[PDB]
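Presented as structure tokens, the chain that follows is alone, the form deposited in one PDB entry.
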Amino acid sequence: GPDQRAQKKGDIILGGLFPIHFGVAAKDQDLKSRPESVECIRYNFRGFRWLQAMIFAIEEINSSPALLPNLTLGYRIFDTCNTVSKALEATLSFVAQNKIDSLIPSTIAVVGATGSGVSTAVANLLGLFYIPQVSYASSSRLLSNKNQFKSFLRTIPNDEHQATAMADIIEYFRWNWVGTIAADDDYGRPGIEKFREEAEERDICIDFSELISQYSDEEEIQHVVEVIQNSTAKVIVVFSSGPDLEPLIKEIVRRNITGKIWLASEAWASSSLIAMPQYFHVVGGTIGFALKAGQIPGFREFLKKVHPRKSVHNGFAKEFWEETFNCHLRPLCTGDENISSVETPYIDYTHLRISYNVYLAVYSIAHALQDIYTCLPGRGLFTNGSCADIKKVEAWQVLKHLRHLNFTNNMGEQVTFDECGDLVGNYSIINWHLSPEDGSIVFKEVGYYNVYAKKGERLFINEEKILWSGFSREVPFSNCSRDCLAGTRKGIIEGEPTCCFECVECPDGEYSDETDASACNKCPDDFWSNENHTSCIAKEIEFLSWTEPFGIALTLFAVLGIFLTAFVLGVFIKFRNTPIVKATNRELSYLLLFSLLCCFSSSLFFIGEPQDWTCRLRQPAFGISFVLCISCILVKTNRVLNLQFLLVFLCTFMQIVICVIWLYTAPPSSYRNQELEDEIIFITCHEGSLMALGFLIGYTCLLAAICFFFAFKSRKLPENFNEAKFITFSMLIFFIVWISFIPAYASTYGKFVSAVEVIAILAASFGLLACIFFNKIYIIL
């Protein structure tokens, strides 16, 4: 394989795949000359630390007598440069003896790779030969498919939980308008698809979805930047690694776009390529995910013991030395430099997360080998309970024992792989802060995601520790439309997702008391809308009331009429012996005064809240009383022109028969009219039979016409102090009053119709009383 390698000899050989370089020289091969091996350029100190973690774990296993006694573990580790081609050359180097026996030391297991696409490409070849491959950083769900990848296992948790956690985070901060960026590889696309599913099931709308790569052209990056700028959303979920996101972040920094709230996947939430101070105005305040940190005692000293000459087995130490001190072995370096003197990710780390994954992968392979070594003859996992010979062990046997692995960590936790080869683990939630002393970016832990917890309780966040955009304490607004107040209702904007709405105020008569009201709820039948439609208020019920001032005035006038009638009646009764009261029919005078009292009592009926009996006894009472009084006047005129009682009885009986008829057929009834005024309910009365009202007033006015005619025929005659002209005057007053209020009765449907009726009754009764009796009162004085 490649010349640059870390090789050690042993009984069992472990393969190693690490990204010692971030990527390869970006150039299009001309194919004019024979193509040579591409050279990867940017040194990755963190990847070299991962390689050192693998070597340290192997050395610790070799030193420990408890684990794999009398057996020596060796390694063959190559640099992938985050590239499929280099990893495939290394894998072809691994499977040389398998290829010879299908178409150099034998490779029992392989550790790696980092990238999910690289791991998929390597896993195809490795599972072709059933060589177990335990990856430390590849987290794509596509690798969980065991039909495709038979020998692939993971010490890193699967990516589905991370997308669910991002959806939970967006829900927690109450956002529904977000953008998505994904790396165009096996890491970005499945994760972003899972996030899209989880966001749509949480009613979260995604404005844009874009794909990026480290090989994206200038036009693609410009298009993505334009899409980001053109959007209102400021929360962008990014599923990518450092190298695949670096060009986009660089272009955003050049254009200097600030205000975006970045949600970071684990691959770049701790990336040194993205977390640099000069990008902090763009990427500051980023909220991202980190793996659970682990402890590897003695690892730091082993890292500090690195040396070009002393590390003879590790061939990558040469370039690490040359890149750390910028020397060559460009100034020549003696080799006596100090690692602690230079600040690189190699030593400048706080938590071991992927390095712990490498350590766990190596120890998992070692524990599988130990389970093979300690297998009791009749209790094996293979056919008939047989056990593999550790001296002549085969890769498929180690894979079989890895599928059944259960071992305790140095941290006292149980490591197991499921049917998909996944190792579930918690997440920590970090926020990108700026250091005051140094100015570098500090990853402050602000929360966690508990995968073991049930749905809805997995997320915990300390929002007080969060600095939005790196400096702000207020949660930013990332909704498409403002949640407008009550009294309004949401409405569709064509061609736009449901999260974006225009809210129109409620229609008159409909109320909305809730923010984000889908529709304006209607008020009930007896209620109406508020002034701003933020509530519902009872409809005002209106009629002619007793306590209201005008009803009081009408009642006082009715009582005054009753008092005057009683006064005249008392004057007549106490002084019945005088010739003046003897001239007129004093019995008929008493009956007429009683009729006037009944008339005023009937006038009292119209005032007040309408009721069934009240509307049933308003027209009939006045009709009876006024027919009776006109009949008494009629018999007085006929005397002027026993039997008089018979005539008044005949008239009152005809009128009361009419009344009984139309009260038996169709009683008047109280009804709550609601169509005249929307806000106001009019309590009024249905007559029931309108032709009955015609008959009633026709009879009253016909008896009136007869009385007026007979009084006119004898107007000039002086008798009983010429009462004929007074009768004529009272009756013409009756006709003036009742004709004059026809405009009043016409179309004035409200609380004032009862007032008009009361005033008409009072006027007619007062005119009759005055004309009949006030002349006699003047005579008596």
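Positions refer to the first chain, counted from 1. For clarity, a rigid core is taken as the largest C-alpha set superposing within 1.5 Å between two forms. What changes on going to the form deposited in another entry:
Only one of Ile681, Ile296, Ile252, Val393 has its Cα shifted by 2 Å or more between these two forms after fitting on the core, and that residue is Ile681. With the core superposed, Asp525 shows a C-alpha displacement of at least 2 Å between these two forms.
Relative to the superposed rigid core, the position of the CA of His404 differs between these two forms by less than 2 Å. If you fit the rigid core between these two forms, you'll see the Cα of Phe152 move by less than 2 angstroms.
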The other form holds:
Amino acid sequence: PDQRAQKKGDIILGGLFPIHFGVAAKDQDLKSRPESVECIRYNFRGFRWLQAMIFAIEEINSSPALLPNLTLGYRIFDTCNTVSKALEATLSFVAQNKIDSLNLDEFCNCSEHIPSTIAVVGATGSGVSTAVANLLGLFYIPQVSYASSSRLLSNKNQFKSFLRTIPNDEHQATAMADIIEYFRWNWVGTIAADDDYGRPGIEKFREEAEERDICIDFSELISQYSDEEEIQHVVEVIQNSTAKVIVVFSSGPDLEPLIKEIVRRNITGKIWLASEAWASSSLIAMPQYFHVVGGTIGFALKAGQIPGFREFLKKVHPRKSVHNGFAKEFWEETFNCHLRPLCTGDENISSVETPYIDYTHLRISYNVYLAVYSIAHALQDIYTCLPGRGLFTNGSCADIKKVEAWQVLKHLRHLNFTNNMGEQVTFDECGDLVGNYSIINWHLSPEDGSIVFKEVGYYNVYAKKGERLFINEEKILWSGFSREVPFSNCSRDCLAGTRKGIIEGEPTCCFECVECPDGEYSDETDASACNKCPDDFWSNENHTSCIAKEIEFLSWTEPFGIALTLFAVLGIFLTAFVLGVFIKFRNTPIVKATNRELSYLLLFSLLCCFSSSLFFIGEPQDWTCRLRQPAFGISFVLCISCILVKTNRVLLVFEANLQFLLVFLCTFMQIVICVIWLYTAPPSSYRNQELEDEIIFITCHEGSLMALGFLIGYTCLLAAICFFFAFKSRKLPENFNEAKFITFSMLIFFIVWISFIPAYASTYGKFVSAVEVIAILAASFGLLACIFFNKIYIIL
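I've shown you the form deposited in one PDB entry. Could you give me the structure of the form deposited in another entry?
Coming up is the bare chain, nothing alongside it.
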């Protein structure tokens, strides 16, 4: 390495910064002796970090309070983000230690003029720094990095002298998961880089997503040296996916070919998530690409303050700066000339617009500044060590004249001081720091069309999980110009009345919506299953909620019921035209039956025949006391018996007072059978019919219907017997044709049941009570009309 930044001093430090983005991308066939690689691109941020470190060292050497008489030198080389260059620089650093503490088999002699460094500033990448630390751990030389946040460097078993001044990015995955949870999504992507920074950083994110039940569509890995095949495959995978959110864990140059290919293919409508590595890189954030990476949300560190730095940055000159060997190359790259046209030392560094001269926040430079002062404070603590109170064995103390690397590492292990801003800086036993992570968004400046970063929130690491992040949605512009929150889900959420259904070969986050069948209802949206038991209710047409069932039965409240009751009471009134108001019964001339008894009985007999029809009307169980367990046969057992005794009285004169006792004996069998039935045998009722539809049915199904059939058959047989007995003498019309019309009156009763048997068998709306009551009422009207034909001839 001919180019170097070397300054002499009593104590020598080591530094490694990236000045070039990469090396020549050429393959060697090894046909001849290989040569060293050559740089292709130039970096300006590394020069800024180098200048900041030089300024910090100079301020240390210019502060008598920090160090009275100690002068510190430095040796800085270039890495170019290459493992080989950093390994060569580290080997050159540890040559004095290598010749002495190593290679004991053979005698190795070297010049004493070369100095020995006490510490080496770590590299930027997480892979190069890993190799540098692995090689440095043999000699116990401390190494402090400023940009490595990989977890693989946190293992103290493999690395013993590695420290970092950048907060660990393990909380970055948690913050991204919380961001995804806040803007509720379930379909996301995953793109990482094949290195030591991307692969370990995606496992934690995937674990957090799985813990939060977040589905991942595709996961891909990219690299800077990959050719067109992998880039095309990744582009095809991205295009063939419906995920609108992509998580990217990569660097600037690593992601540059993918961004260029996407821009060439004009792929838009995607959301880009940026980590701290590439949230502010100038290689990706360009106006020409603003239509592909617009509205990008990224992570950034906490800004620092370095007084007297802007003025120092303008003092660089390629002629009066002999200590710095990179000034000439920086000048040539900035002014784009040779030292084609000749260039003198009379330009202005602030004319050309380059990132070296303009900046908004110093994060990595502040990290290097803090590391340099941490080393200075460790040296000061070594100098100020008091006898009798030390960190070595038996209370020993070190000598400032002869300081070894292991003593510096031991003193750096237990370090605590105050920052220039009043903060407290100390090193944890894992060699890691804790700091805030900030959220930034990309916007377009209307003035000159330049990409700018705006703060729209922050992440806290000193609070309990759940409320560690704050965000302001009103200041976030999605896709660069859109304000509404984009919709990125595998499928639409199920609405009310629909349930979920599995699709074969698909994850849990993807499903289908299926309408629930009858009898099932669901109120909450996206319900796993619908309620099955409506608690004696019915499912609605839309299955939104439950509906109470309807009770349908014959009642007097309905117009049909009130009309039937009015007809019944009218019939009761029409049989009271003699019962209620009676004509003279003494020496009655119209009827030969002078005696009031056995003839006045027919009045209240017909009254009971009419009144008994009111048992069937209304609900069977409407009243508790009047539950009417016997309902059917009571009407028959009295009315048929009265008809039979009347027919017997009529026939005794023609076919054939002890008659009153004689008529009752024949009908006594009906009454004793009914009394046995209605008391000894307790009838029941059927509460609900077959429980299928929303229309419920109530009915009174008397127990032991065979007894009812038997008693009806007995009554019919007795009626037929009396009809047959009356038939033999009804042909001859005598005595006001009395016997001639009773036969027709009771034949009306017979033909009522003949004409209403299909109504008994089948009825509309389960109204067997209605047909029964109308049949018995019509029979009662017929009997009443044809039983009092003698009164219409003569009033009295």
